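Below you'll find only one chain, the form deposited without the partner chain, shown as structure tokens.
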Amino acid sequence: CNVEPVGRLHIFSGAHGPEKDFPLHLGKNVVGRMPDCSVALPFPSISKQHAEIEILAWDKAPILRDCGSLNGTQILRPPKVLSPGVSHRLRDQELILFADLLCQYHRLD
């Protein structure tokens, strides 16, 4: 895990456990239930391959795609339910729901 991060995915305290920060790197970051996933969230409502955060460069904005999850990926401000495979550019500090889990993307400095 020596890959230099360019983003941060923050999970807020809930029922699933305490707050937590996940590093995001260049190229693709797979969000999923599986311990091997770049963002591993071992909660049964999260799909094995749930979503993909793709980051191409720094001055850019990441692309989030849902990978056909059972329980969906939503953005919140304004609300929208993401359709499987459709590229969505994340603004810094964007709020994201994977299933019931509320996450926030952060671009590093």
The other form holds:
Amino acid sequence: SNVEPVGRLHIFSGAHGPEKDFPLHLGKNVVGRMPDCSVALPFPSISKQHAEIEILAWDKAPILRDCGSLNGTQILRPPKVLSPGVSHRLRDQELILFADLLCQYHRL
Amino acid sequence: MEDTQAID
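Having gone through the form deposited without the partner chain, I am curious about the other one (the form deposited with the partner chain bound); can you provide its structure?
Zooming out: every chain and molecule, the one shown earlier first.
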């Protein structure tokens, strides 16, 4: 197909199982437990619709928003707890927690 | 799908 990834979300391996890599595309990339999510994370602590990474351009910082998750979305180095709907701009190599799951965003 | 499980 035609869509070209403009980013990558890495889900670290751990107690929940092996690592995963998800391509991120222009527009809205939904993170959640639903199999239809752009970034599907089939784990009990992840909300059905957990967060959204919106990418407007390959060379502009994405927008991360929590979608009213139960267990939260957080940014590390330094710690930051995201309020539902509020824009957070992602930097290259950003470490993100969706609930208890550690992830890392990469520019391509 | 079932409800999200709170971290306890």
